[PDB]
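Starting from the known structure of chain H, fit chains A and G onto it as the hints suggest.
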Amino acid sequence: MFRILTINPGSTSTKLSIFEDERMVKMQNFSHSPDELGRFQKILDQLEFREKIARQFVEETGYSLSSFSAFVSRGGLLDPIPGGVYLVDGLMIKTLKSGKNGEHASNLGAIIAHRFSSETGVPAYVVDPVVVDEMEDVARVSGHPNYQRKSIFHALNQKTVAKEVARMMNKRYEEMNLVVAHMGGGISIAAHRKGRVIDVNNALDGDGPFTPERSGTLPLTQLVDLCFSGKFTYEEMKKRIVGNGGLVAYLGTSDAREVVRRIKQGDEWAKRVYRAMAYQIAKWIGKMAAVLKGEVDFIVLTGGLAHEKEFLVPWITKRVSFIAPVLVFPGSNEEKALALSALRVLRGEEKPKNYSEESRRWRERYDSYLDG
Amino acid sequence: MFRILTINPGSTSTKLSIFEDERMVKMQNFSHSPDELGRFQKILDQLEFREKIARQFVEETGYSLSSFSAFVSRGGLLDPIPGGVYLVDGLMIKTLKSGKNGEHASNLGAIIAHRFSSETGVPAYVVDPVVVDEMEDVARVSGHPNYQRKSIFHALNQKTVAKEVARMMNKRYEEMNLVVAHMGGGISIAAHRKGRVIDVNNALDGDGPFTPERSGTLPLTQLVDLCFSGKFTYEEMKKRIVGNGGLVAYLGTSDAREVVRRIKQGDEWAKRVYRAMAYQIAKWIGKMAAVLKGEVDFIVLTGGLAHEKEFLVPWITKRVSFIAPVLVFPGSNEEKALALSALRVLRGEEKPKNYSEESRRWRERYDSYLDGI
Amino acid sequence: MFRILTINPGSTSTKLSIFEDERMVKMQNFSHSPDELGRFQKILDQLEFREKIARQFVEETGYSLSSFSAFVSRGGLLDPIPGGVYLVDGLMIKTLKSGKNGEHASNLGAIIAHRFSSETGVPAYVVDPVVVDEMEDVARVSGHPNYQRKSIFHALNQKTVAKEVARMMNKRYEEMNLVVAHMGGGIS
Numbered sequence: 001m002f003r004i005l006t007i008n009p010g011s012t013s014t015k016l017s018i019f020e021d022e023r024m025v026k027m028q029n030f031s032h033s034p035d036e037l038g039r040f041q042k043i044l045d046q047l048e049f050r051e052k053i054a055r056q057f058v059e060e061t062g063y064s065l066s067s068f069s070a071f072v073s074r075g076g077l078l079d080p081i082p083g084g085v086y087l088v089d090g091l092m093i094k095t096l097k098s099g100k101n102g103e104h105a106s107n108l109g110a111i112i113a114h115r116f117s118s119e120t121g122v123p124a125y126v127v128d129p130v131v132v133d134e135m136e137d138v139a140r141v142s143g144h145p146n147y148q149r150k151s152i153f154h155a156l157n158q159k160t161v162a163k164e165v166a167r168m169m170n171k172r173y174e175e176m177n178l179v180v181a182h183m184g185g186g187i188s189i190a191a192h193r194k195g196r197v198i199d200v201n202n203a204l205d206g207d208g209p210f211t212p213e214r215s216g217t218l219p220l221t222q223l224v225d226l227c228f229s230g231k232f233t234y235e236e237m238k239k240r241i242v243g244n245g246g247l248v249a250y251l252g253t254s255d256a257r258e259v260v261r262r263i264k265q266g267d268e269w270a271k272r273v274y275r276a277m278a279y280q281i282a283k284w285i286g287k288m289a290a291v292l293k294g295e296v297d298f299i300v301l302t303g304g305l306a307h308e309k310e311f312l313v314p315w316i317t318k319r320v321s322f323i324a325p326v327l328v329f330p331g332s333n334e335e336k337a338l339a340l341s342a343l344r345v346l347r348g349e350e351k352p353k354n355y356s357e358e359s360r361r362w363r364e365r366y367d368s369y370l371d372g
Numbered sequence: 001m002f003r004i005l006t007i008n009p010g011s012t013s014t015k016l017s018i019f020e021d022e023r024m025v026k027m028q029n030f031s032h033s034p035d036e037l038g039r040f041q042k043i044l045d046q047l048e049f050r051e052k053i054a055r056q057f058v059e060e061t062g063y064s065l066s067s068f069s070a071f072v073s074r075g076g077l078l079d080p081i082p083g084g085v086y087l088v089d090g091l092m093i094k095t096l097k098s099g100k101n102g103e104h105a106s107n108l109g110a111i112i113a114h115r116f117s118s119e120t121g122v123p124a125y126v127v128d129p130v131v132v133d134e135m136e137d138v139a140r141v142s143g144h145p146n147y148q149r150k151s152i153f154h155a156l157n158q159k160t161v162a163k164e165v166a167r168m169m170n171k172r173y174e175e176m177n178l179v180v181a182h183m184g185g186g187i188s189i190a191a192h193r194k195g196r197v198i199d200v201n202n203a204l205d206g207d208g209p210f211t212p213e214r215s216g217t218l219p220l221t222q223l224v225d226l227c228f229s230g231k232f233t234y235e236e237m238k239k240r241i242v243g244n245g246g247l248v249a250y251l252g253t254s255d256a257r258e259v260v261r262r263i264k265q266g267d268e269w270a271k272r273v274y275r276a277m278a279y280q281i282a283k284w285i286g287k288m289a290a291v292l293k294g295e296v297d298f299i300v301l302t303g304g305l306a307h308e309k310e311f312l313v314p315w316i317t318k319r320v321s322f323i324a325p326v327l328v329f330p331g332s333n334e335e336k337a338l339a340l341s342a343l344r345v346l347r348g349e350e351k352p353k354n355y356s357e358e359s360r361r362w363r364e365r366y367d368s369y370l371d372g373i
Numbered sequence: 001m002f003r004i005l006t007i008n009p010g011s012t013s014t015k016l017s018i019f020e021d022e023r024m025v026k027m028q029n030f031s032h033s034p035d036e037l038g039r040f041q042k043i044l045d046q047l048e049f050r051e052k053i054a055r056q057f058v059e060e061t062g063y064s065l066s067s068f069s070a071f072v073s074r075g076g077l078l079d080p081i082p083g084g085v086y087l088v089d090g091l092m093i094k095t096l097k098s099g100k101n102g103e104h105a106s107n108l109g110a111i112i113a114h115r116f117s118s119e120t121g122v123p124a125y126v127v128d129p130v131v132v133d134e135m136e137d138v139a140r141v142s143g144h145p146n147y148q149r150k151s152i153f154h155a156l157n158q159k160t161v162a163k164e165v166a167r168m169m170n171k172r173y174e175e176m177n178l179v180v181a182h183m184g185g186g187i188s
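Keeping their order, the protein sequence lines are chains H, A and G. Mapping of the first sequence onto the deposited numbering: position 272 corresponds to residue 272, and the numbering continues sequentially without gaps. Mapping of the second sequence onto the deposited numbering: position 176 corresponds to residue 176, and the numbering continues sequentially without gaps. Mapping of the third sequence onto the deposited numbering: position 101 corresponds to residue 101, and the numbering continues sequentially without gaps.
To be clear, the hints were calculated from the coordinates, so they are not data collected in a lab. Positions of the beta carbon are idealized from the N, C-alpha and C atoms, including for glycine. Keep in mind that the hints are not guaranteed to be accurate.
Said to hold, decoys possible - Keeping only pairs whose Cα atoms sit at most 20 Å apart, straight-line, the calculated SDA-like set for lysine to any residue is:
| hint | chain 1 | residue 1 | chain 2 | residue 2 |
| --- | --- | --- | --- | --- |
| 1 | A | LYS293 | G | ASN170 |
| 2 | G | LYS171 | H | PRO314 |
| 3 | A | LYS271 | H | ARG140 |
Unchecked claim - Covered stretches of chain A (chain H as the covering partner; in silico rule of three or more C-beta atoms under 8 Å from a C-beta of chain H):
| hint | stretch |
| --- | --- |
| 4 | 125-139 |
| 5 | 145-157 |
| 6 | 207-220 |
| 7 | 240-253 |
| 8 | 319-326 |
For reference, chain H alone in the conformation it holds in the complex:
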């Protein structure tokens, strides 16, 4: 019986959970008011704030950091790497602290898990970071020599639901082709070919369908034009992409539940934009379907939006079920994802990954095969 502690730092919240084998004995979501968060310039600044909360989450239970078998957190903005469970090593903390690949609350996770580790001598892991990238070369070409398609999605949930689908039918994730669509604040649609996410959109740099709070993709000429004219805000504009916009722009609300109400009442404009979001999600599922040449076992709809089964799910299903049967896995429990992944490592069912070596083995393929 291994006792696992999960650390899930968020932009506005911080979720923690304690597992004993497969059962969750405790979990809590601490939300941080913008008035409270407004006191740190950068994010490595909140480190001491988040960790302090993690600490107390454990005391008020009767346990001690020394009564755990391992600490697991979400993968931060590390450098491109495959999927799996990695051991938090120096390089991966050197990378997260520097913020070389961007800053986000997610980066704090591994750091906090590391300290507790270096205080109890207990392993610290990270599961399927947001930067997992295991796609084929062909998918990297963007159409412009300078730009390159980056693999930034919900690797954690994606890999998890995908494996649960295979599990649910007595098979192996490696011997199946799936098109998984994580629909939440961010939307990611990936084509899994034999256990490898050979292609997916960039759920951050504004690429793909528009989410409830993101604009997704937009014509180039319309941007490069209104980029020099008007708000020359080098920074603010960067915020108008991932955030200011999406379904929250057309309707004002970022709440699907709410939109569905307006739709129910009779809000015609709401039904339009919402129906358009499902429309786009479907188009991308079909996009990934082409990547797999039709060789698709199932189309999996997961994520928070997967819950809205009155309009969204039905609308999408009616447009893509011709590719393959549609399965629905609502929500996304990152806590259970982390705990179970780690538990599998502690049982020898899976082998840990060495970030240092793994990150290099990768960066060599992007810096050798892609030359010219």
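Here is chains A and G on its own, set in the frame of chain H:
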């Protein structure tokens, strides 16, 4: 027997053709050297230049502008309108001259056809302008309130090949669902549902797969970032999208035959980027397939690239044939597209369109969906 | 936004959770060692013990029993009734305390939710009790005129997983036939 004259003004060339019923009796493509074109500020300045060539084209045959049943040209940068054959009216000529919606050699076409018309009293038409729009409102939402998905594709060829596919099988274009992909300098993939292009990408404003000379679509953050840092060229950058992108940017060669040549020899890098272009074209076909909910009769590959049947076509077909059988209609005979469309009008087989009214009924059904007006 | 508190008393454990709309903000499972439980003759004697833990839970979060929109617990060994969400009324709390239909840690649930209710003026509910009955008449005959087959199972989880199975396949629970087996301390 109606004698028709087609006018097809291009960026660097100008094609003309004379038809007698369904038979083409003459056609010629006059190319204009950049050293020759370099003498006109605006593009409307070439008007006299092009028209002069058109007239002589007619004179050289012995015929006279008065021995024609109608003059037809390609549709310019008019205002959003449905598909069909329109009569070149004042409004349409007022719009093209002003260049309100942009400047391009294509705009000269209708103007030239109009003059010959007002000189002989013969009808002047335009077929499926590049700005034709038959999309469904759902397809208009882009994800950002300010921006809107515009319908800018190869309406001419698209509508033509689509109708030839239906024709080829004793069926009606209106009773078929097709996914047509025009692959040329510009690429446009559209979903035809019962004779209506309910959706398609913007083949100009950088949207869709990358063409042999265009970058297509690129991540927003990656652009807005490298937009302020580096080449602050407000103009040059605008060219790095609709002109200096794609294969010409990776392999420095706009020509397809050329690429396949390198691929054959062993150029691995060429095979990569090229194979990636087919990859993207396939993904968009699947994209449009979802729009039609799988209800797809055929997937039609047309356009210039449709000729490359060694790699491109095979690669694409192998990835999309699960949606529906793939038909291949190489090239894009535009002179035939124009001539036959007009011929059908002169036979009463089809009814002309009034741009003035049509362009307005469009603006009506447009501003209508703007719940912010 | 309604803040809900769930009470799930078990034979050896006690699970509590706090929800804000559809999102779970906290949950904890307190296990009771047999050496600790071995201090109460009847299950009803644990009432004060469980309730004490429940308060502690909420208290140690800043919130207060008065910052909730409702208290919900699992249905105890009540008398045969349909499915649905019931309001914990006197009759129910008279039935559960008496243990007329048997004693089970589950019976404490509604009682605890009731008190918090009568202390804050907030509604106290119970969902699909362990005694929910939807059986067909034929299934009631036991083979002896006096005895009758009673429907006492894990209605809560059963109905939930069943609906998730239907949901998972874009279907309706009402248009499916399933054989569900809940395997835990008790098996149904």
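Hint check results:
Between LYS293(A) and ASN170(G) the CA atoms are separated by roughly 17 Å; this keeps the pair inside 20 Å, and the hint holds. For the given pair, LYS171(G) sits about 11 Å from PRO314(H) by alpha-carbon distance, which is consistent with the 20 Å threshold. A distance of roughly 14 Å separates the Cα atoms of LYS271(A) and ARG140(H); the hinted pair therefore holds under the 20 Å criterion. With a cut-off of 8 Å between beta carbons, the stretch 125-139 of chain A has 3 residues touching chain H; three or more are needed, and the interface restraint holds.
Using a Cβ-Cβ cut-off of 8 Å, 5 residues of the stretch 145-157 of chain A lie near chain H, which meets the minimum of three, so the contact claim holds. For the stretch 207-220 of chain A, the assignment as covered by chain H holds, since 10 residues bring a beta-carbon within under 8 Å of that chain's beta-carbons and 3 suffice. With 7 residues bearing a CB less than 8 Å from a CB of chain H, the stretch 240-253 of chain A meets the requirement of three and the coverage assertion stands. By the rule of at least three residues with a Cβ nearer than 8 Å to a Cβ of chain H, the coverage given for the stretch 319-326 of chain A holds, with 5 such residues.
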